[PDB]
Amino acid sequence: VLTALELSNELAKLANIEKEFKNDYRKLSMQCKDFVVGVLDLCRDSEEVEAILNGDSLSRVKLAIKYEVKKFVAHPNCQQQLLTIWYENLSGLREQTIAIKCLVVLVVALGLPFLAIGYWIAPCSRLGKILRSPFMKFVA
Amino acid sequence: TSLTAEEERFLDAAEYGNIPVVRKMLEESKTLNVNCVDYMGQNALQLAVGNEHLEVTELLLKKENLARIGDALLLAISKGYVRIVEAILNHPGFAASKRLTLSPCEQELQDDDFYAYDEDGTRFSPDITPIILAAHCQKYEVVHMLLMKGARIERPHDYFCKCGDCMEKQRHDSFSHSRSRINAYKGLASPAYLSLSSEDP
Ligand SMILES: [Zn+2]
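Taken in order, these protein sequences are the chains called D and A. Going by the deposited numbering, the letters in the first sequence line up with residues 223 to 278, 293 to 376, in that order. So the second sequence is numbered by the deposited numbering: it starts at 22 and just counts up by one.
It is worth saying that the hints were derived from the structure and are not from the lab. Careful, some of the hints might be misleading.
What the hints assert, rightly or not - Think about it this way: if two alpha-carbon atoms lie no more than 30 Å apart in a straight line, the pair counts; the simulated DSSO-like pairs of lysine-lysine are: (1) A:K183 x D:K365; (2) A:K183 x D:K337; (3) A:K183 x D:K307; (4) D:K298 x A:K190; (5) D:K241 x D:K302.
Claimed, not checked - Computed Cβ-Cβ distance ranges for the label pairs, DEER-style: (6) A:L24 x D:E240: 50 to 58 Å; (7) A:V42 x D:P312: 46 to 54 Å; (8) D:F350 x A:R202: 18 to 26 Å; (9) A:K51 x D:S295: 52 to 60 Å; (10) D:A273 x A:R202: 41 to 49 Å; (11) D:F350 x A:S219: 53 to 61 Å; (12) A:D33 x D:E324: 13 to 21 Å; (13) D:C338 x A:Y180: 16 to 24 Å; (14) A:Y180 x D:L224: 30 to 38 Å.
Idealized CB from N, CA, C, for every residue including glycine.
Next up, chain D with everything else stripped away, as it sits in the complex:
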């Protein structure tokens, strides 16, 4: 999968450089992207999904984002992992509606200085884990 991703990068770069056989190189890059997506598709367990998403830190997801492999990153097998990591240490908020999320944003906005002041004890506090989540960073 890493070989296919680097080959997709190389084929896209050569498509840009050549400008004569750009269609052929773009088709080859699409073939590499399709192979990567097909390899990701056959996952049936979280362990296999993690193994494809990073080798022996979403290394492969980051490397595919760098190479504009849209279908590998937008695949549900990767979105299920990205959502679990995104809603880390707060899982009940994922199923809430958009209105509840906006209410959470407003609550954070009203009490942002208070939680910032309390962040000193946050590493030893239970709420520090929530405030350090990848979602509460975006809301903050």
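Let chain D serve as the given structure and place chain A with the ligand on it in line with the hints.
Frame of chain D, contents of chain A with the ligand only:
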């Protein structure tokens, strides 16, 4: 490989449908174990199932000690081998056990290689029952036969269910849980299972 001459002759005769050769092999032969499998090959019964041979499969089913029956049942269900499915379901293993109704993942301690594929995994997902696979392939005859034996697609719980079983599955390997739910719904939403499942479909 580690295979010998006699068992290789058995395997090729079964794969190519040499009924008299197989019959001679299984009569008065101490060697040539019935469930001998290559390192990266299929069982003899799996080979007989893959290429339609009712007589060879039934003659293999004569032997009491023989594994990979569930995998061959799944393989036959994946195709139109209705007669082979009927022959396999006639084995006493399915009749006197909960293997048919329950999924391979949670049927038992899975000590035996009943649903096992070549080396480690399974031909399909571990949470796909034979009836779910039959619904997936929309095999009306196979679905009807499996339903007549008491095997039905158990309805998955609500997405927000908090029971011990659902929480245990969600705690570890949640992607497999979601995929199993999707597979169960795909089996339920199949026209074959919808039409042959219950009254007023
Ligand atoms: Zn439940």
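Structure-based check of each hint:
1. A:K183 x D:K365: holds, 24 Å
2. A:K183 x D:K337: holds, 23 Å
3. A:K183 x D:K307: violated, 33 Å
4. D:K298 x A:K190: The hint holds at about 29 Å.
5. D:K241 x D:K302: Holds, because 22 Å separates the two Cα atoms, which is no more than 30 Å.
6. A:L24 x D:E240: 50 to 58 Å: Because 52 Å falls inside the window, the suggested range holds.
7. A:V42 x D:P312: 46 to 54 Å: holds, 49 Å
8. D:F350 x A:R202: 18 to 26 Å: This hint is violated: roughly 41 Å between Cβ atoms.
9. A:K51 x D:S295: 52 to 60 Å: holds, 55 Å
10. D:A273 x A:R202: 41 to 49 Å: violated, 22 Å
11. D:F350 x A:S219: 53 to 61 Å: Cβ of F350 (chain D) to Cβ of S219 (chain A): about 57 Å, so the range 53 to 61 Å holds.
12. A:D33 x D:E324: 13 to 21 Å: Given about 55 Å between the Cβ atoms, the range is violated.
13. D:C338 x A:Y180: 16 to 24 Å: holds, 23 Å
14. A:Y180 x D:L224: 30 to 38 Å: holds, 35 Å
Going down the numbered hints, you'll see the structure goes against 3, 8, 10 and 12, while the others check out.
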